[PDB]
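One-letter residues, chain by chain:
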Amino acid sequence: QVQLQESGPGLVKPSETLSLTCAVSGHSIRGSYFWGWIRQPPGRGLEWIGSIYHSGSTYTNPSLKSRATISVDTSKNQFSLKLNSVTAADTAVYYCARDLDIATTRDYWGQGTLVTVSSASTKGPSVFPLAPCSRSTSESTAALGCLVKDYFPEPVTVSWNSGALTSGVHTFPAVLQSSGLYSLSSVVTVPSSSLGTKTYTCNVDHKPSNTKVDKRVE
Amino acid sequence: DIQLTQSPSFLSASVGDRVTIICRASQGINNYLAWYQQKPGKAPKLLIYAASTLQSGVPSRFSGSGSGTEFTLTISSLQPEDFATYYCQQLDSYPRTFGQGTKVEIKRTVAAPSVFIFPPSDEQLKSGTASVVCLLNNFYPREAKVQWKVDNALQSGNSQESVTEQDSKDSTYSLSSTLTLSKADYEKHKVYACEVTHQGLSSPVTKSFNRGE
Amino acid sequence: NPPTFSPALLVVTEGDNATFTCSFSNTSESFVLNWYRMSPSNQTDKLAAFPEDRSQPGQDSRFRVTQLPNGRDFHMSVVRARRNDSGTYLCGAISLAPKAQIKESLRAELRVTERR
Numbered sequence: 001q002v003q004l005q006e007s008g009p010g011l012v013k014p015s016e017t018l019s020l021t022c023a024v025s026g027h028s029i030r031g032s033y034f035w036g037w038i039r040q041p042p043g044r045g046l047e048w049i050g051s052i053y054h055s056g057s058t059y060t061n062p063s064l065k066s067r068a069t070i071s072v073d074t075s076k077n078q079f080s081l082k083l084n085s086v087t088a089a090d091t092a093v094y095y096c097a098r099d100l101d102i103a104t105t106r107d108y109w110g111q112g113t114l115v116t117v118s119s120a121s122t123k124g125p126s127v128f129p130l131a132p133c134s135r136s137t138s139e140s141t142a143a144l145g146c147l148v149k150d151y152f153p154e155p156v157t158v159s160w161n162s163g164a165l166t167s168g169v170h171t172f173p174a175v176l177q178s179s180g181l182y183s184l185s186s187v188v189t190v191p192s193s194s195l196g197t198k199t200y201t202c203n204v205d206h207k208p209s210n211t212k213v214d215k216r217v218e
Numbered sequence: 001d002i003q004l005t006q007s008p009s010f011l012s013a014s015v016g017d018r019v020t021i022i023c024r025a026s027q028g029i030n031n032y033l034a035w036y037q038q039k040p041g042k043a044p045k046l047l048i049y050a051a052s053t054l055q056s057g058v059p060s061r062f063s064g065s066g067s068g069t070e071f072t073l074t075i076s077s078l079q080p081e082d083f084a085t086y087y088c089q090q091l092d093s094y095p096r097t098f099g100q101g102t103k104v105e106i107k108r109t110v111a112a113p114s115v116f117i118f119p120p121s122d123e124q125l126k127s128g129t130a131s132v133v134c135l136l137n138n139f140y141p142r143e144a145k146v147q148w149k150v151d152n153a154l155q156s157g158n159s160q161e162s163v164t165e166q167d168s169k170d171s172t173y174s175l176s177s178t179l180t181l182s183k184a185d186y187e188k189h190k191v192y193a194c195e196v197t198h199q200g201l202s203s204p205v206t207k208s209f210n211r212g213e
Numbered sequence: 033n034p035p036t037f038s039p040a041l042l043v044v045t046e047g048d049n050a051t052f053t054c055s056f057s058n059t060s061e062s063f064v065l066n067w068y069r070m071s072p073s074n075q076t077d078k079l080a081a082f083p084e085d086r087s088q089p090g091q092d093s094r095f096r097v098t099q100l101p102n103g104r105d106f107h108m109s110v111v112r113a114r115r116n117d118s119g120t121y122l123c124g125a126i127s128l129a130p131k132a133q134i135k136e137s138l139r140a141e142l143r144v145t146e147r148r
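Keeping their order, the protein sequence lines are chains A, B and C.
Position 26 (the first sequence) corresponds to 26 in the deposited numbering; numbering is contiguous.
Position 211 (the second sequence) corresponds to 211 in the deposited numbering; numbering is contiguous.
Position 57 (the third sequence) corresponds to 89 in the deposited numbering; numbering is contiguous.
Just to be clear, a hint being listed does not mean it is correct.
What the hints assert, rightly or not - Distance condition first, Cα-Cα at most 30 Å in a straight line; then the derived BS3-like pairs of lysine-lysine:
| hint | chain 1 | residue 1 | chain 2 | residue 2 |
| --- | --- | --- | --- | --- |
| 1 | A | 212 | B | 103 |
| 2 | C | 135 | B | 45 |
| 3 | A | 82 | C | 131 |
| 4 | B | 107 | B | 145 |
| 5 | A | 82 | B | 42 |
| 6 | B | 103 | B | 149 |
| 7 | B | 169 | B | 126 |
| 8 | B | 45 | A | 82 |
| 9 | B | 42 | A | 65 |
| 10 | C | 78 | B | 45 |
Don't read these hints as lab results, they were simulated from the structure.
Build out the structure end to end from the sequences listed, making use of the hints.
In structure tokens, the structure reads:
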């Protein structure tokens with residue numbers, strides 16, 4: 001079908017310009033559809049920002065008309081958003097889409113990209129193992145984990161055994177510490193039977209700081 | 001411009017329940033309205049367009065009705081995987097507008113948490129801070145109390161917790177609580193305990209370890 | 033201004049192409065055109081959508097829609113018309129922005145006659 005991918009900085013300083021690009025795959029932007037930007041502040045609703053026709057004709061949300069520009073490059077099958085004078089109010093997941101209309105049965109959305117508006121510097125996490133004080137087969141199920149501490153900005157990703165272990169995994173929402181840095185815990189429940197024999201590694205990715213850590217949990 | 005009023009804001013309903021979600025348009029928009037399902041960390045996914053046309057491939061338990069100003073999304077028989085925020089989008093005009101959203105959570109039988117405690121790693125203690133972690137695994141409802149005890153002293157103001165989004169299979173939550181101490185403060189005390197209160201427990205469950213093992 | 037669909041009556045010999053013209057103006061650059069035949073049940077059966085990126089995957093090649101140079105007139109042709117193509121046809125014009133609107137033409141009749 002059609003695939004869309006947002007790209008651009010995940011951290012912008014207040015008063016600067018947020019720039020995002022949307023790469024469209026599987027069909028040309030040249031055609032009869034509108035191509036839109038939609039944002040969602042953390043835990044809040046969807047706000048349409050603006051849409052563009054392949055010709056370059058735009059519609060913009062009246063609340064953002066003073067600050068937002070939608071552009072299209074049919075030469076690269078991409079369209080783009082510029083948002084001037086950003087504030088904490090502009091912290092959101094930004095989505096690009098093929099806009100639904102009354103003349104079709106289908107639309108398409110990107111996965112979304114988080115943009116944090118903050119003066120705070122990028123910091124990579126420390127990764128600490130979560131293991132019981134003493135290993136025991138006393139009950140069927142045991143918990144292991146990784147503490148991903150003191151990073152900025154969001155997000156981090158955590159897999160287990162390079163994505164081979166998915167069953168019983170819980171990756172918690174990050175908590176903002178008083179320090180202004182994030183901390184995240186990822187845990188997995190496994191047969192206590194398996195702790196002696198099978199190996200358990202968390203794979204932590206913090207793209208903003210170019211941090212890739214593999215922590216063996218014992 | 002079209003304004004949309006979506007109700008309700010949040011609902012908890014049991015597997016098999018009929019769920020009713022309404023969007024009111026500020027003026028007549030014919031049947032130019034679509035319904036979306038948004039799972040946490042994912043893009044909104046189209047269910048229904050032209051107010052009442054189910055997109056081919058979307059489960060048949062989803063239906064839409066209405067034309068003019070009053071639009072209804074119905075889930076005929078709520079399933080655990082239907083945990084999501086639901087949004088209407090008007091297709092009548094630019095500027096595009098969405099409803100405020102309806103968060104749907106699954107009501108299920110009470111399930112007591114499985115509790116685990118983790119001491120700070122030797123690697124962390126070197127750096128001068130101690131993180132003690134308590135895990136409450138696969139419980140319902142979401143409401144749960146974690147009380148940290150250090151040599152039987154009740155802790156306050158030095159813990160933070162995080163809760164998973166409701167599980168799409170078993171409709172349970174998990175919760176992590178982290179107690180933060182300086183290395184010096186950690187080394188002053190022996191017994192680290194996490195006490196858990198929950199509707200599924202007749203009395204609190206405590207998991208503990210002794211520093212120095 | 034709903035689209036016009038002309039001729040009102042079109043009489044062609046079986047084997048000839050049966051070509052209607054769908055016309056509309058005063059609409060934005062962002063439009064969709066639909067071509068319908070009226071079914072026995074008085075239901076619109078969609079023959080073709082324009083442009084090509086609006087077409088249903090199974091759209092029959094014998095229903096050809098062409099935008100003429102002036103950009104407001106569109107040929108809608110039944111290639112090698114058969115007796116059983118005789119019936120009632122119309123076009124729908126959809127404006128997408130800034131206000132989305134659907135307007136149908138008045139119906140036109142096609143009569144496909146026996147070749148002597």
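Hints, one by one, checked against the model:
1. A:212 x B:103: 35 Å, violated
2. C:135 x B:45: 29 Å, holds
3. A:82 x C:131: 25 Å, holds
4. B:107 x B:145: Holds - the C-alpha atoms of residue 145 of chain B and residue 107 of chain B are around 19 Å apart, at most 30 Å.
5. A:82 x B:42: It holds: about 23 Å lies between the C-alpha atoms, which stays within 30 Å.
6. B:103 x B:149: 35 Å, violated
7. B:169 x B:126: Outside the cut-off at roughly 41 Å; violated.
8. B:45 x A:82: 25 Å, holds
9. B:42 x A:65: 27 Å, holds
10. C:78 x B:45: 27 Å, holds
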